[PDB]
Amino acid sequence: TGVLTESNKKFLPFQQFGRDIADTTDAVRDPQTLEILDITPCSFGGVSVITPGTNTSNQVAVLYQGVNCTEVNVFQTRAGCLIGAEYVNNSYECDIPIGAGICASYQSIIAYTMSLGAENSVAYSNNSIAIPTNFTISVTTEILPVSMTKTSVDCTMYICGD
Amino acid sequence: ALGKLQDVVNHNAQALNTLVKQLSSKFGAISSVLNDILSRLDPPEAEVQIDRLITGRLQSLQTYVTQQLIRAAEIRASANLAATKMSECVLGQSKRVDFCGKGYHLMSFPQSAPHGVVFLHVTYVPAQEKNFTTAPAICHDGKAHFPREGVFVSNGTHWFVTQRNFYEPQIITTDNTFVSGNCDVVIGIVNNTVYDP
Amino acid sequence: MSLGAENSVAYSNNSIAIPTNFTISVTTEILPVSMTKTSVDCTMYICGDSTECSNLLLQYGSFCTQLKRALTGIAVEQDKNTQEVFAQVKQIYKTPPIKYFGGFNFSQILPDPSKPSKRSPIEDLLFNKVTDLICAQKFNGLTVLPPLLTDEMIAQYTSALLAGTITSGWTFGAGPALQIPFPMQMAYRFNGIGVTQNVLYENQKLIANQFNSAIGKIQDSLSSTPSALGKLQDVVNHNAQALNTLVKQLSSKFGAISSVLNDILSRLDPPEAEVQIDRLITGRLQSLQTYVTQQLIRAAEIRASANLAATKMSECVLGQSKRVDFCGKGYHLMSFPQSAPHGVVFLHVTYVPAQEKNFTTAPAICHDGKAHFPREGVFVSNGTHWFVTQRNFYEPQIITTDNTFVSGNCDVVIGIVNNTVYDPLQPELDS
Ligand SMILES: *[C@@H]1O[C@H](CO)[C@@H](O[C@@H]2O[C@H](CO)[C@@H](O)[C@H](O)[C@H]2NC(C)=O)[C@H](O)[C@H]1NC(C)=O
Ligand SMILES: *[C@@H]1O[C@H](CO)[C@@H](O[C@@H]2O[C@H](CO)[C@@H](O)[C@H](O)[C@H]2NC(C)=O)[C@H](O)[C@H]1NC(C)=O
Ligand SMILES: *[C@@H]1O[C@H](CO)[C@@H](O[C@@H]2O[C@H](CO)[C@@H](O)[C@H](O)[C@H]2NC(C)=O)[C@H](O)[C@H]1NC(C)=O
Ligand SMILES: *[C@@H]1O[C@H](CO)[C@@H](O[C@@H]2O[C@H](CO)[C@@H](O)[C@H](O)[C@H]2NC(C)=O)[C@H](O)[C@H]1NC(C)=O
Ligand SMILES: *[C@@H]1O[C@H](CO)[C@@H](O[C@@H]2O[C@H](CO)[C@@H](O)[C@H](O)[C@H]2NC(C)=O)[C@H](O)[C@H]1NC(C)=O
Ligand SMILES: *[C@@H]1O[C@H](CO)[C@@H](O[C@@H]2O[C@H](CO)[C@@H](O)[C@H](O)[C@H]2NC(C)=O)[C@H](O)[C@H]1NC(C)=O
Ligand SMILES: *[C@@H]1O[C@H](CO)[C@@H](O[C@@H]2O[C@H](CO)[C@@H](O)[C@H](O)[C@H]2NC(C)=O)[C@H](O)[C@H]1NC(C)=O
Ligand SMILES: *[C@@H]1O[C@H](CO)[C@@H](O[C@@H]2O[C@H](CO)[C@@H](O)[C@H](O)[C@H]2NC(C)=O)[C@H](O)[C@H]1NC(C)=O
Ligand SMILES: *[C@@H]1O[C@H](CO)[C@@H](O[C@@H]2O[C@H](CO)[C@@H](O)[C@H](O)[C@H]2NC(C)=O)[C@H](O)[C@H]1NC(C)=O
Ligand SMILES: *[C@@H]1O[C@H](CO)[C@@H](O)[C@H](O)[C@H]1NC(C)=O
Ligand SMILES: *[C@@H]1O[C@H](CO)[C@@H](O)[C@H](O)[C@H]1NC(C)=O
Ligand SMILES: *[C@@H]1O[C@H](CO)[C@@H](O)[C@H](O)[C@H]1NC(C)=O
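Chains as they are written, first to last, in the deposited numbering: chain A, 549 to 620, 641 to 675, 691 to 745; chain B, 944 to 1140; chain C, 697 to 827, 848 to 1147.
Worth flagging that the hints you see were computed from the coordinates, not collected in a lab. One should not assume that every hint holds.
[What the hints assert, rightly or not] If we take Cβ atoms under 7 Å as the criterion, some of the chain C residues that face chain A in the derived model are:
(1) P792
(2) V826
(3) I850
(4) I896
(5) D985
(6) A989
(7) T1105
(8) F1109
(9) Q1113
[What the hints assert, rightly or not] Some, not all, of what chain B presents toward chain C, calculated at C-beta under 7 Å:
(10) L945
(11) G946
(12) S968
(13) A1015
(14) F1052
(15) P1053
(16) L1063
(17) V1065
Virtual Cβ for every residue (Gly too), placed ideally from N, Cα, C.
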């Protein structure tokens, strides 16, 4: 199953079919008329559903991965076509990752380019220094997994039972 | 907050559930129940059906063991990191940056958690910074004076020497400065008096 | 093979070697951070458009769900690895408009305004030097997923880290960014490795020239060597190779009459077609499981490398590290992060001692029946006179009460030599 586009490839007279580097057909010669056609498979995409928690809302957005918007609140991203989210020029922290610098959040569902950080310009000069005059004692949490559940499998009973 | 430990627990349960789920798979055989296969067929074809079930179940079990081994390696690496943190953050003060909390590390406290450890990192964070005019050295009597442990700061009219991480201005003296060379070599040296005790 | 050039160290009980000069050495460390994110449609890959094949595939159970879940875990893991290595500052720092840092030149590592990508010349070189197969891989139901952080944003994070380190030293890592002049920052780093501030200040122009020359050499070395960026390219190669192998596996009969499902359906009745499709499904499923297993092992290796890269970014770039060989060869001074495709390159600026000279050494000096020990240095003799100098640079100073401390009598100490110890107070009271 494929689209048959015009081909610029010059086949030798014996050759009938054409193959990719990976041994998949990319070209063919028509039997009725001796012309070369570029066989290209029909478009496919990975449908991804972007949703907030169900209790908060039931609105969803659909991302078609790798599919241009013209071949399927519609916005075009490098990741694919995003339908059901409205692009906002504002930048916020990432809530739901879409990819290619695009993130989604619920406020309706909006898509935006995520802000890396707040912008700070340090006042560097040849002869000025900044000295702390006070301190904060900060306690922070680090959570590390140490062990897993210990599992034993009876191979004979699992495969065969009694 | 405790997502990582729960995730590990979730994976183990999920893996077992998947393995249990695999028992309900025909694997290309007439039935997924061995007892039905024995009850319904003669041994020459029952052997073939049992073989199909055995190969599918064995493949499932091998897949489960392979994922378990990869997860075991990941957990072992995490445990080794946790042991390193326990030795270096709890049993000692660490000069490594960001190893034992954000900021300058002071001490750490271990807390047990299911399948895990939680480290409470007590760190010192500088705050309320103030601008000062600074110089590399002080020129007094044709000699260059450098801070032994601090930095030279000026509030606009007077020069003092203070510790780098806290503002504590002190009079510039021979006690807290050392003399190396003449003033001319140093770039940016400023002229100020150096007190003698 | 020869292990090494042969050197015999001239050990003697009373001789020490003291460096009289230094070399500022910049070295490159290349670390992989992330891999290509791959997603596989299990049904499309194994069966394509065949309904009968999908129906037979359903009998095997949740294998497809397991493979998709594992790939999804790897895909999120790569983004997490990139966040851990690069997103370590919540403030995007910027360099001052006047790029004067006491004679230190950072043009090669700072972002270039002229370039549209806003990357440094070193970063641009790194991107250039790391590079219908893709179409076929896409056509077989395998999809490459874009990285969550784009290359420009990763470059922006590296720029923020560079701006923070250059303008603020190590303060920004541990808290608010506190401005410090770059020569004073370099002097602090010199103090960290045990060399006094005066050595940096007196030789500031020489140190700046050495650093600039080293940075230029680093750019030339990366540009002129094919195998400098081998590790990142290898990772890219493995991912492409794995996909190619998986695509190649579709052309395998796997013990069946044909490798084409459509031919099997067209030529055979369903009782034997089911057997042939089963053979194809089991072979393709085994191939897919094998691919996922290698991907998981590689993901673990890349995760370990990313954890190491994050540790280097925290300890070498955001701080000065006393760990030996962790942040370059030599005594570590500072480090600079540069973005690279699927990777980070660390420019480690280190202090290497050079032009060492022999001196006669003693553990202690005996004066007035008392043993004097150096507070911070070592006792050296040039043949006739005794001086005390810092261990890592030769700076002879007169032995005085100020730089020595008295513990015990001379007799207990072994190897003690007799020399005068000057008193600062003696001229003052005398005059
Ligand atoms: C130290 O002084 C500098 C300049 O004298 C201060 O930097 C200014 O900060 C304000 C407030 O954020 C900005 O609006 C200016 O644009 C900054 N100037 C420059 C040249 O960057 C800095 O805030 C002072 N530091 C402290 C702790 O007061
Ligand atoms: C340093 O910061 C501490 C807080 O971190 C300041 O303590 C506060 O002082 C104000 C006014 O004196 C009180 O209203 C607060 O209740 C205090 N907070 C705490 C936690 O004690 C302290 O005054 C600051 N010191 C300087 C010199 O600025
Ligand atoms: C810089 O700090 C010094 C020391 O604190 C200041 O000198 C003192 O200033 C106070 C108030 O102006 C006077 O009462 C003292 O008599 C001063 N001491 C001496 C020894 O003169 C100085 O004023 C500060 N400069 C600025 C611009 O704030
Ligand atoms: C720091 O002090 C030195 C010596 O007191 C100053 O050097 C003198 O400068 C004046 C005016 O430029 C000359 O007339 C003298 O001949 C200089 N003497 C010597 C020994 O060089 C120097 O100018 C001072 N620097 C500052 C910034 O005030
Ligand atoms: C310090 O002195 C020792 C010995 O006085 C020197 O070691 C000699 O080095 C030369 C040249 O490499 C060799 O031919 C000798 O055999 C070495 N002698 C011994 C006893 O090992 C050493 O080179 C001197 N250090 C410096 C920096 O010149
Ligand atoms: C320390 O080494 C530096 C070079 O690493 C020396 O600087 C060189 O000095 C010579 C003669 O003065 C010049 O011809 C070179 O061009 C200098 N090189 C550089 C890179 O500036 C310096 O002289 C040495 N110092 C000592 C005390 O040995
Ligand atoms: C910093 O280094 C850069 C390059 O490392 C210097 O730029 C060079 O400037 C010279 C003189 O104008 C040109 O001939 C070169 O073509 C420049 N190189 C590049 C790569 O553009 C720069 O002058 C140095 N100094 C400062 C203050 O930026
Ligand atoms: C060891 O170092 C001392 C001090 O640098 C040298 O003593 C000086 O030597 C020079 C040249 O011989 C004389 O002009 C000075 O007057 C000496 N100073 C004193 C205080 O005597 C000494 O010569 C060096 N010894 C050797 C063997 O090089
Ligand atoms: C170091 O100095 C001490 C004290 O001046 C020396 O001890 C003296 O040695 C002489 C000759 O052996 C004796 O006549 C004195 O009676 C000793 N005095 C004491 C208090 O013991 C010692 O010999 C010197 N050591 C060296 C290696 O020169
Ligand atoms: C077949 O028919 C087409 C259409 O009439 C003609 O153009 C062509 O020359 C014929 N012969 C071959 C060998 O294709
Ligand atoms: C000091 O800094 C300013 C801007 O930061 C610069 O214009 C000036 O040239 C610097 N001074 C010297 C002596 O380089
Ligand atoms: C000093 O070293 C030499 C050989 O290096 C050795 O023979 C001698 O015994 C040593 N001196 C003492 C007092 O042990």
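Hints, one by one, checked against the model:
no.: 1; hint: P792; verdict: 4 Å, holds
no.: 2; hint: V826; verdict: 19 Å, violated
no.: 3; hint: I850; verdict: 9 Å, violated
no.: 4; hint: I896; verdict: 5 Å, holds
no.: 5; hint: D985; verdict: 23 Å, violated
no.: 6; hint: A989; verdict: 19 Å, violated
no.: 7; hint: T1105; verdict: 30 Å, violated
no.: 8; hint: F1109; verdict: 25 Å, violated
no.: 9; hint: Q1113; verdict: 28 Å, violated
no.: 10; hint: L945; verdict: 17 Å, violated
no.: 11; hint: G946; verdict: 12 Å, violated
no.: 12; hint: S968; verdict: 4 Å, holds
no.: 13; hint: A1015; verdict: 11 Å, violated
no.: 14; hint: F1052; verdict: 20 Å, violated
no.: 15; hint: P1053; verdict: 21 Å, violated
no.: 16; hint: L1063; verdict: 18 Å, violated
no.: 17; hint: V1065; verdict: 14 Å, violated
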